[PDB]
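Chemist: This is what each chain is made of:
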Amino acid sequence: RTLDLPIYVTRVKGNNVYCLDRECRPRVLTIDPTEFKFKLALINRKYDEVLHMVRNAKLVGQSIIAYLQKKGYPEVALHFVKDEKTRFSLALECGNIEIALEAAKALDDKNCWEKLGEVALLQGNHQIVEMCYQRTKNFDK
Amino acid sequence: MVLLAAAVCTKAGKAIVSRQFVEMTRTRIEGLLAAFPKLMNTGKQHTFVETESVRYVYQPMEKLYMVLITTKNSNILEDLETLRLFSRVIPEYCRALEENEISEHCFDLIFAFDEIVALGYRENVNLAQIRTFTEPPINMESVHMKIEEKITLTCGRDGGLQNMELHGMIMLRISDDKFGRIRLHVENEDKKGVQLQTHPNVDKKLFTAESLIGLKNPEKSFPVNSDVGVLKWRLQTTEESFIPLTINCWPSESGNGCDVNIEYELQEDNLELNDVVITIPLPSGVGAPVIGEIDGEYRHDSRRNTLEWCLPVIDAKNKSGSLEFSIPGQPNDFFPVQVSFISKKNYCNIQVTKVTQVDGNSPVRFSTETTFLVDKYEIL
Amino acid sequence: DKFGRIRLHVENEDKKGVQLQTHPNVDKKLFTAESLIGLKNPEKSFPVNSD
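Protein chains in written order, with the UniProt record's numbering: chain A, 562 to 702; chain B, 1 to 135, 267 to 511; chain C, 308 to 358.
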């Protein structure tokens, strides 16, 4: 949490942390089960626990809705995928670009279709490559 | 606009009086004039100097700059010339430039600015003008006729005709010996729209009944542009033109999603059209579609935000699709669907009843062909 | 049985006079050609009052 004044922590004894500044006016703060529970849960690969944990006292932008798109064998990634970019990312990290094309679509962009199409050729199957490559207009490739 | 603003400046660090032709540069006007004209527009005693990606043209008068600014340009002579005419007009109002006297005749100068440069285009002014305001082989003989036409249509969901128009010409290619006279007979046309052109060598005949046109054809192929309607005309599709396709669109609110059924109808079953495509648009919050069609291929295309159905050739046919939508906002009005098509008939209904040739024996009308093409064909 | 979706297709009407009422659970579909209405019917008898 933030206080409205600059301060020094007096020390931590108990759940509270206690502070006093130069003029020595106090601030106290209970250590919360907000940010702490969420990542204690994510570390122990729980996503079901973590959905409740998601609150607007700790949501931010990238600790819940896009920090969870940071596994090269998607786990966290599977859970938050709401952003068309996070969805795109998720797909190359699996190597299954079926989801990529859709994210790539929803990113409204050609570049994504050619790059996922190349990844597609890598998983081995060229039907998926054709479709992408056709709409990026790489008829010659 | 090419001319952002026309501005009189004091290099006190402010635009003393200035003109914004259309609401764009309000406060913007003062900051530009205030910084740049102080440095002589950053000039060196050169009339054109460009700074912060804006062309500044100027003339110093005292501690003041009379300034023209553009960020685009149509011609060299022009930018100077509006500034110049301005410089005839400004001492009439303010007796040279000077911030207090410029300030007092904001109205005068400003009005001149609107008059001089209107919507950024440099009009002209003059001190008197300003006043009003502040006051042989015939075995071979064969003939071929090709009628090529495009039809345009705008129609409502109701099926209201709205406007339509057909454009076309009938080209004749003839291999005939000698110079034979030919008479052409065609159906009678009407047109809400207008246009008809006749090739030279076309004669008009007046008959009590029926209309006739006669002409000696040029050999080879030429636009007949005969008389009568003509063999080069714009007829109105509205006037008796058939629209090969009618689209009946039934959108449905499945609830969260939307179900769209598109009905296509063709003329006589026997006739088949080719190159037909129906473009059914979709709303921005697309999700994904599932489309089903008995004939041809149909594909949804994001980006385009349209579902396109293509049919190589059709006796006549229909398609359906279900759409998934996230629902932001409220319901959206539909945009019109367009179609492309080819038909082996003319839907200006031009019929070649008879073309009889003389000066010799019967020629063979080996073939008459009709190519009908879609123009802007739109239905909501 | 179950809850089935039904689509109704009818001819197109015009009216010099005026009046039309739709039962709830009636959805309107927009199609390029033809008009369509879809709805989950209440079981038993009810006024359709489709779109």
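Some clues are possibly wrong.
As the list claims (entries may be wrong) - Keeping only pairs whose Cα atoms sit at most 30 Å apart, straight-line, the calculated DSBU-like set for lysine-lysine is:
1) B:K448 x C:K347
2) B:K336 x B:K507
3) B:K475 x B:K448
4) A:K574 x A:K600
5) C:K351 x B:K448
6) B:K507 x C:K347
7) B:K322 x B:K476
8) A:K671 x B:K507
9) C:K347 x B:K323
10) B:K507 x A:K698
11) B:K448 x B:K351
12) B:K323 x C:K335
Don't read these hints as lab results, they were simulated from the structure.
Chemist: Against each hint, give a clear statement of whether it holds in the structure.
Modeler: Consistency of the hints with the structure:
1. Note on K448 of chain B and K347 of chain C: the hinted pairing holds, with a Cα-Cα distance of about 28 Å set against a maximum of 30 Å.
2. Note on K336 of chain B and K507 of chain B: the hinted pairing is violated, with a Cα-Cα distance of about 35 Å set against a maximum of 30 Å.
3. Under the criterion of a C-alpha separation no larger than 30 Å, the hint pairing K475 of chain B with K448 of chain B is consistent with the structure, at around 17 Å.
4. Using a Cα cut-off of 30 Å, the hinted pair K574 of chain A and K600 of chain A holds, with the two alpha carbons roughly 23 Å apart.
5. For the given pair, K351 of chain C sits about 36 Å from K448 of chain B by alpha-carbon distance, which is inconsistent with the 30 Å threshold.
6. The hinted pair formed by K507 of chain B and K347 of chain C fails the criterion: a straight-line CA distance of about 39 Å is larger than 30 Å.
7. For the hint pairing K322 of chain B with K476 of chain B, the CA-to-CA distance comes to about 19 Å; that is within 30 Å, so the pair holds.
8. Between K671 of chain A and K507 of chain B the alpha-carbon distance is near 29 Å, which keeps this suggested pair within the 30 Å criterion.
9. About 48 Å separates the Cα atoms of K347 of chain C and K323 of chain B, which puts this hinted pair outside 30 Å; it is violated.
10. Proposed proximity of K507 of chain B and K698 of chain A is supported: the alpha carbons are some 26 Å apart, at most 30 Å.
11. With a C-alpha separation of about 40 Å, the suggested pairing of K448 of chain B with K351 of chain B is violated against the 30 Å cut-off.
12. Annotation: proposed proximity of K323 of chain B to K335 of chain C is violated, straight-line Cα distance about 36 Å (limit 30 Å).
Going down the numbered hints, you'll see the structure goes against 2, 5, 6, 9, 11 and 12, while the others check out.
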